[PDB]
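J.: Listed below, chain by chain, are the residues.
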Amino acid sequence: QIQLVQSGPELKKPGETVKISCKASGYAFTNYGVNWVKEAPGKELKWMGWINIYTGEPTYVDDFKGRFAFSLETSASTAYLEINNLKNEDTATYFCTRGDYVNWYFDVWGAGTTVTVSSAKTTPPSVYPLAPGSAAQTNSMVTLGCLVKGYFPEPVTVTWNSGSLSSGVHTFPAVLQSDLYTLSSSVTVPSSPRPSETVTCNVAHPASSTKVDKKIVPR
Amino acid sequence: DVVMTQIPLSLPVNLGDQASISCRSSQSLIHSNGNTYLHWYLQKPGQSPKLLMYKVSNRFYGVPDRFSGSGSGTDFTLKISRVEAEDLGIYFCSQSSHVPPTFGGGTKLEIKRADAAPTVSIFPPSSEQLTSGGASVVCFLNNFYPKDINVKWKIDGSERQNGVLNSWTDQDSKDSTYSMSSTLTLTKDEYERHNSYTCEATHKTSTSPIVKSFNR
Numbered sequence: 001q002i003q004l005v006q007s008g009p010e011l012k013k014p015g016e017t018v019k020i021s022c023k024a025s026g027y028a029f030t031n032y033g034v035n036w037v038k039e040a041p042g043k044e045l046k047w048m049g050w051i052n053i054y055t056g057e058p059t060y061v062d063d064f065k066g067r068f069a070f071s072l073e074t075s076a077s078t079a080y081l082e083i084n085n086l087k088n089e090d091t092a093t094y095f096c097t098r099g100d101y102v103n104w105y106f107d108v109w110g111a112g113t114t115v116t117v118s119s120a121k122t123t124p125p126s127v128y129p130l131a132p133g134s135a136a137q138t139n140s141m142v143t144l145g146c147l148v149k150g151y152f153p154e155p156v157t158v159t160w161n162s163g164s165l166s167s168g169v170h171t172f173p174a175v176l177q178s179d180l181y182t183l184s185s186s187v188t189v190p191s192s193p194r195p196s197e198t199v200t201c202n203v204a205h206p207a208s209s210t211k212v213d214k215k216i217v218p219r
Numbered sequence: 220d221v222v223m224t225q226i227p228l229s230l231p232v233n234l235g236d237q238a239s240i241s242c243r244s245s246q247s248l249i250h251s252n253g254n255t256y257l258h259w260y261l262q263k264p265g266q267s268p269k270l271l272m273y274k275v276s277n278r279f280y281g282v283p284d285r286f287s288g289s290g291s292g293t294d295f296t297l298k299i300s301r302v303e304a305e306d307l308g309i310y311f312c313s314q315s316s317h318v319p320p321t322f323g324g325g326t327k328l329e330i331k332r333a334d335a336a337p338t339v340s341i342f343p344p345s346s347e348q349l350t351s352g353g354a355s356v357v358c359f360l361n362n363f364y365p366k367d368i369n370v371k372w373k374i375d376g377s378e379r380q381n382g383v384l385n386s387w388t389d390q391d392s393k394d395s396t397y398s399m400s401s402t403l404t405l406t407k408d409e410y411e412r413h414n415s416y417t418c419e420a421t422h423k424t425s426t427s428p429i430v431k432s433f434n435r
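Taken in sequence, the protein lines are chains E and D. Heads up, the final residue of the first sequence is numbered 219 in my numbering, and it's a clean run with no missing numbers. Heads up, the final residue of the second sequence is numbered 435 in my numbering, and it's a clean run with no missing numbers.
Hints in this document: simulated from the structure, not taken from any laboratory. For every residue, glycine included, the Cβ atom is placed at its ideal position computed from N, Cα and C. Among the clues, some could well be false.
[Unchecked claim] Taking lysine to any residue pairs in the SDA-like style, the calculated list, with each CA pair at most 25 Å apart, reads: (1) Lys393/D - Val189/E; (2) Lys46/E - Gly235/D; (3) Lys366/D - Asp220/D.
[As the list claims (entries may be wrong)] Pulled from the structure, derived: some chain D residues nowhere near chain E, Cβ distances all over 10 Å: (4) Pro264; (5) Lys274; (6) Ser377.
Excised from the complex, chain E in its bound form:
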């Protein structure tokens, strides 16, 4: 276990700053470069800049100058990236990675530090039930769902009958909708179970200390 270890995820408001850390252990820190790589949602893996532990000199791909600042506590063997004037577009996962000097590849990658920057305040979700509007079944399964909407920050857990309906469940990835998240699970039961048999949906949103249960009852 020779590895680069990085800080946990931050949650900031457009305008504050972050110092992400990357402590290397197991190898001669100064014999390798530390590079910084930025993974934005569905944008290229975007190289940011590199810092030389021997000199101490960073190089920034043009793009990240101005606000992004590499630094180093070599005494303690930890690279750092700092971003200021944080702005919504900086939401991504920053990875640090051991740049080699011979071969120029990146062989040990850090685990990545997700930085989210938003200005929602914490919001518990509204969870509406979705019951099929008289649309009488195609075959033999009936399909219900919970609309978990209006929440920040992620995560939100959704189970059905407290874990006991799992095959059949599909939960869909959260989407923004004016600063807050919206999500939806769907359970597909046999048609002999509903409405003969209770199907209820359980969303817990840890960030606001809330859990609701809704029982899908016909419409």
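Keeping the supplied structure of chain E fixed, place chain D upon it in accordance with the hints.
T.: Only chain D this time, still in chain E's reference frame:
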């Protein structure tokens, strides 16, 4: 910047098969020292890249014997030889022959499935939602294959395009299908004043679209 592009975005494969992701360079990668710095990362879902191949054809410690590497100048190709559960993920091709080292868009290795058509379902605005004045309609397009699918909202006869918010599951590991879900949001008021509401799906398995609806 040396734009790296790799095609195809997805590659449906059968475990058993050989596969071949291909990748290509805007400028060349033959360096002044006569050397080519094209490397290959593999990134497994929810994880960080792992080096597979450096300098076009040299495997990396540990990575197994199925990963032949190849290409030159400007077209390089990676070929897994008998795919396995183990090597499924996003394959990124990268260049360090120039600076700033740039990354290829990636190629998803996916499992090949007998086509399946979407079992679609439309759901109307819940009472509770309506009693605070917003009306999301919802349409789940479940267990289909391929991932390509086109849901439109025919909203009273005449189609609508605002407020649709689609979300998409990645390949379900039990039955290799995909499932998508579309929520069209509405002001309660607006809802109140329109009758037919039709979620609809253009997808291979029917030359007809699949249409489900509820009249208001």
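J.: Does each hint hold? Answer for all of them.
T.: For each hint, the structure was consulted:
| no. | hint | in the structure |
| --- | --- | --- |
| 1 | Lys393/D - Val189/E | holds, 17 Å |
| 2 | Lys46/E - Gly235/D | violated, 33 Å |
| 3 | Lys366/D - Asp220/D | violated, 32 Å |
| 4 | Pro264 | holds, 13 Å |
| 5 | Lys274 | violated, 7 Å |
| 6 | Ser377 | holds, 21 Å |
Of the numbered hints listed earlier, those contradicted by the structure are 2, 3, 5.
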